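Chemist: Model the full assembly from the supplied sequences, consistent with the hints where possible.
2 protein chains.
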Amino acid sequence: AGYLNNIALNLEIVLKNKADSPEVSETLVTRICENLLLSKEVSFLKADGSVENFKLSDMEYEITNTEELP
Amino acid sequence: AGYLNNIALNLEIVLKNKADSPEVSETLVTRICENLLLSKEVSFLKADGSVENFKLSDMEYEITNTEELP
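Which chain is which? The protein sequence lines are A and B, in order.
full-length UniProt numbering puts the first residue of the first sequence at 2, with every later residue one more than the last.
full-length UniProt numbering puts the first residue of the second sequence at 2, with every later residue one more than the last.
For the record, the hints were derived by calculation from the structure and aren't laboratory data.
A hint or two may mislead.
Think about it this way: if two alpha-carbon atoms lie no more than 27 Å apart in a straight line, the pair counts; the simulated BS3-like pairs of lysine-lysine are [said to hold, decoys possible]:
no., chain 1, residue 1, chain 2, residue 2
1, B, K56, A, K47
2, B, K17, A, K56
3, A, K56, A, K41
4, B, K19, A, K41
5, B, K17, A, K41
6, A, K17, B, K56
7, A, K19, B, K47
8, B, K17, A, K19
9, B, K47, A, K56
10, A, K17, B, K17
11, A, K19, B, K41
12, B, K41, A, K41
13, A, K19, B, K56
14, B, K19, A, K17
15, B, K19, A, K47
16, B, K19, A, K56
17, B, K17, A, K47
18, B, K41, A, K47
19, B, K47, A, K41
20, A, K19, B, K19
21, A, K56, B, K56
Modeler: Now the structure itself:
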């Protein structure tokens with residue numbers, strides 16, 4: 002038979018930028034992430050170097066940490 | 002004024018397959034997802050045909066639903 006499966010992926014990503022405060026750093030990252038919300042397809046660069054594409058049904062995000070660099 | 006941000010992305014993806022049972026379907030999906038865990042990058046396709054690439058630090062997954070197709 003055929004089956005459809007919906008899978009929840011919880012990812013953590015790292016994004017660096019330049020800004021005069023962590024608040025502005027967060028606004029910059031937020032704009033980027035907000036523009037991803039309706040993406041239809043996500044791809045992973047796997048450990049062996051192959052790329053796999055998947056249908057993306059939903060996305061949510063939240064910033065976890067913002068840290069000044071030396 | 003450089004900043005690092007760690008961002009949590011919560012994605013829902015779809016996988017379809019063929020199997021004799023939902024149990025086997027979930028085993029198949031689990032093998033696919035296990036092979037994503039050590040990915041180095043995740044990428045999103047935008048509606049305007051641009052791709053945004055992000056460095057992955059962590060991943061976890063869980064199957065949400067498994068449904069027989071007609």
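Chemist: May I ask which of the numbered hints given earlier this structure violates, with the numbers listed in increasing order?
Modeler: 8, 10, 14 and 20
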